[PDB]
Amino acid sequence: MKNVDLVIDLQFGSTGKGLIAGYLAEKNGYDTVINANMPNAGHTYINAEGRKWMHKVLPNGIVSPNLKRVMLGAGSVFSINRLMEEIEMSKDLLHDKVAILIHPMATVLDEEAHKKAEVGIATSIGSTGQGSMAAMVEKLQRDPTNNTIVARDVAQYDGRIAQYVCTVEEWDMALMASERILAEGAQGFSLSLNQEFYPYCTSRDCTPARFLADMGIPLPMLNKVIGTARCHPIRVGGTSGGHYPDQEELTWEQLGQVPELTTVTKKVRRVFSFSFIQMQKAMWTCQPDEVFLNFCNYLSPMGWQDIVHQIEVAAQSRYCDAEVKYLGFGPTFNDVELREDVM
């Protein structure tokens, strides 16, 4: 037990979870990396040598030097095409002594039907329109005649995932056999289905409890929660929802920064000032032990040092002993500073 480090987002997503996941994977050498991603979530890790991993399926933690298991949780919604591609792109890391385990109930994304089902919400709620919820809904239908939604069933006619699809027992045994686990949450605290921005939110809760549930991680296994934040939280472009009372929407030109986009759609990310309210809210339910404060490169030292003190008191106020341990000044491994080294 107590061997799971879970990376969660404290804001509305895209805080740099892919970066801290890959950074911690390299630093801590987890033998097991696990997630429960849906296609709405792209995760980028760039190592010291400049190698980039943009993952929608595989954990970014596959960069761990002691990698034995790659686990794709039951809450996973994935494109097999994308998975194939991602495995291929890191086949050097995903060697013969690395077991890729797809939970039998992980959802196979029907790229045509599921993205087409989310065209409406892609404009109405600014949804990534990636088919995440449409896939999830098809799975929830629990139609016995539907052999095309869960990994277990898809493995029977689509041999590409057949070797990866495990049983629920193998799943549990893989977690039991793991020495140190990196659990990678996706999306963001405030994007949680049950946070206050409904319906301008995602299809699930983006909370440690939900991410552990979606990866089938027993609660005693949780060792550490590394919450991630940006100095200026973002939202996706469009009518993607409101913000907290203590924050204002900013422009990329107001920040003196190049407009951040959603990589494929190129929608300009919405950017907001830091929200203390959001932080207390995220601190209260996410209860991180450690905090990665990213995009410190968008602020002056006084600015990001201030947000560090804000996060830690927002933590303390919500009975959370969160320590901003990591600071991000760029998208690569080299840009992750130990907070104690820079302040």
Second form
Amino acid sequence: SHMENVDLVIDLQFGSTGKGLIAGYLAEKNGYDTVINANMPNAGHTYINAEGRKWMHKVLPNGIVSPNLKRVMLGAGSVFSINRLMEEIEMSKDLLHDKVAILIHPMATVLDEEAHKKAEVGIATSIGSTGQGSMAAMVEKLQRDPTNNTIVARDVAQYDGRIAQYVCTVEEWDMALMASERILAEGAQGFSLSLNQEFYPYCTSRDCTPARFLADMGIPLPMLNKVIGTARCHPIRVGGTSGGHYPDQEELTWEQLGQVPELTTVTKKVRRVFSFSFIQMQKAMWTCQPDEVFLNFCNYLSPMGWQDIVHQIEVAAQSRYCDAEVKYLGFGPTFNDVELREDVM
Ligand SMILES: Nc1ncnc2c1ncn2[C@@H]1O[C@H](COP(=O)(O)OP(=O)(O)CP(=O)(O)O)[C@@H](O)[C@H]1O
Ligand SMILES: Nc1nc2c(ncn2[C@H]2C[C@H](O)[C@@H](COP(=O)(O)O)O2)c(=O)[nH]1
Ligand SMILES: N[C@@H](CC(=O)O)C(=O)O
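Show the same protein again, this time as the form solved in complex with ligand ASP rather than the form solved without ligand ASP.
Shown next: the complete complex, the earlier chain at its head.
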């Protein structure tokens, strides 16, 4: 009868805050039986455990590292490459054992790598889109053409056997959520990337908010226990003409931060980096309303600098009626680098 059991990870900036790290960290600490996401191919999530084992996932939740893993769920809002999904499953087959059920929502979108990426070539330069086919795939799903049996996982399962064992029904989806003890819902992208945030058209193809991530994962609202918001000390955007920033922030350089230029690994496009925006935090806090915050890339600043950003985040939260507590701090890309805030300050 108790229902609040979903911990939803949401980005509070323009993405790449290390949601992949907090997902894997929380999965290992909290031992969720169900890990769920609604990812699109624009988002790649990296987790590195204490032993140095690395997971770079575009389809599978990073939370599959949970010691009590029972269910892996790919939301209806998912846009995925079956090839990639196959590699990710194979890569973690030790974790995705016989007693682990992988559930692909019947309406999850199958990425047509050639056609969908080709359709995004223009926005790949114009809005600095990742051009991974995410929206092109989503639009093909929205066409709702009864003659198109190649876009949703339910229809693709009938000719592509690779996903037939994973593709479930809507009732199976709802029951898997019902039967779950503790859920880790993994949000992707970033609050300010939301289609309905102010940087349109320099945004993604959906809102990157708790309400949209819960919707895209088919999670009933009473299931939400807590929202874990993620933030970087210096927010980033992808390279190119990727959009504007907030009035209280400035575009910095990697040389200015004294850091190794961050880039999207496949294309090697250098990420745009910005100073921390309090306005962004207020905007994110207002909509996202996190209960807990993970402040990452603290290793880019002095103790004074990131300690200041912690207090900023907490006051930006209080100002927008949000009781968010910076509970976790990131000092590197691995599990060992996630510190409890109360231990370092
Ligand atoms: N504190 C830290 N210091 C240095 N590198 C870090 C770090 N935290 C994460 N990283 C690395 O930087 C990148 C952070 O991206 P990750 O893929 O985890 O972010 P994310 O899950 O938020 C991406 P998305 O915006 O697509 O949702 C990865 O390459 C990760 O290994
Ligand atoms: N860091 C990051 N940027 C993303 C992600 N998804 C979308 N974006 C950004 C890149 C572009 O500036 C913009 C549009 O990209 P796309 O959603 O691929 O069309 O959103 C993501 O998961 N991570
Ligand atoms: N941009 C994501 C995904 C990728 O490039 O493969 C990353 O930096 O990991």
